[PDB]
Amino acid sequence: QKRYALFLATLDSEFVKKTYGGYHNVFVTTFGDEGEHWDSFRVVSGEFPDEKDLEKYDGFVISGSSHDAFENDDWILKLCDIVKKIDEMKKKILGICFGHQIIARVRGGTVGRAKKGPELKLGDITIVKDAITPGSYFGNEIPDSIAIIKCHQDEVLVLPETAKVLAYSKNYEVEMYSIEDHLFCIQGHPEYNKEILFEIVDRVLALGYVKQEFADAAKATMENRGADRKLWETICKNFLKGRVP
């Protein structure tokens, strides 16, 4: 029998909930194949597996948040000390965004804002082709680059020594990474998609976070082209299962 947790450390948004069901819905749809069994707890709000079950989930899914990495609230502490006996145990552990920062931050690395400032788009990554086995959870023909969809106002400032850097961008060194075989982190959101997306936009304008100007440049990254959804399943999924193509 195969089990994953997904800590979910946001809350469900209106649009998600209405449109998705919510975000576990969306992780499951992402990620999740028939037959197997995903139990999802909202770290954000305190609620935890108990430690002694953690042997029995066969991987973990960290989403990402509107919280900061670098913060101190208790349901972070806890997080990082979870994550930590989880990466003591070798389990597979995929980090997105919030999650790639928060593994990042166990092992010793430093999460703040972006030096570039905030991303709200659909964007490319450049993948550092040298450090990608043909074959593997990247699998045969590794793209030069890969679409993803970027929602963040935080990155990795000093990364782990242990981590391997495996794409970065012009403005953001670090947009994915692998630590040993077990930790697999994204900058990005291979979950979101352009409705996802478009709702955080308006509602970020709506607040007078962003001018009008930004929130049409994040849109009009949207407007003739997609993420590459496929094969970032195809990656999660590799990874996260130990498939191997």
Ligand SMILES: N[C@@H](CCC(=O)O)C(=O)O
Second form
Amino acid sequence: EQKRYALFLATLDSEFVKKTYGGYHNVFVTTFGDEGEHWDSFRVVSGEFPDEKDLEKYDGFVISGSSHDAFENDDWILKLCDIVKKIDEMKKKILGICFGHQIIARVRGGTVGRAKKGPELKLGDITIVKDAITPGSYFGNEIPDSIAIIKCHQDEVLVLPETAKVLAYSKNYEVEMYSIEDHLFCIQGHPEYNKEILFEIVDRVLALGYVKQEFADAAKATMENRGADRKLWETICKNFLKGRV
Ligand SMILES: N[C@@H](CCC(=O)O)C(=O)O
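Can you switch from the form solved without ligand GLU and show the form solved in complex with ligand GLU instead?
Below: every chain and molecule of the assembly, starting with the one above.
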């Protein structure tokens, strides 16, 4: 039977991502896709959504990052939350990345907002709560203590739903990864990003005057000699999304 996955693109394609990869559809399919699957994307930020009656044919959903705030009330955000509520009640798998981690927390009664400790734009590390993970489950036989991931956000989950289990934290952000039941799995960082994408964002927000030159240089310094644990993230996220265990 055919495997199908829906990608909710809550961002437009940046110039760099369009030119280098052909857009975020491709970025996500490169990261999370395997040969033979059908991926349909929906530019939810532009108000484009799957039909409600077509949700059953998908084996899983991915919600992308966004430059919008997950606590805002734009009509497409409201419609996204309503559709996520429906998919959630169907017990369909949803992987939420950054904005999508936030949206799922919102749907489940949590609070998202500006992070108490400020924004991040860097490669960083997250600490795994190993007493929340089964050896041989979607985290691997041997769970690492720490995982490197690209961070690019100004908001965080300020109040976590009661139904969520924290799977990872960092010194400055209590909720770096969490799960709800068996079918919701959320990561604050961007496993689909790479150094090129990050460095292009840094350069652009510096040029806009949003950050200082010294902040931009500190941000890039974090990836001068190390990258994220990309292979590890692909394995984790695919294990989750496709029920591979
Ligand atoms: N705008 C949200 C989401 C960021 C993202 O998904 O890249 C934040 O800054 O936290």
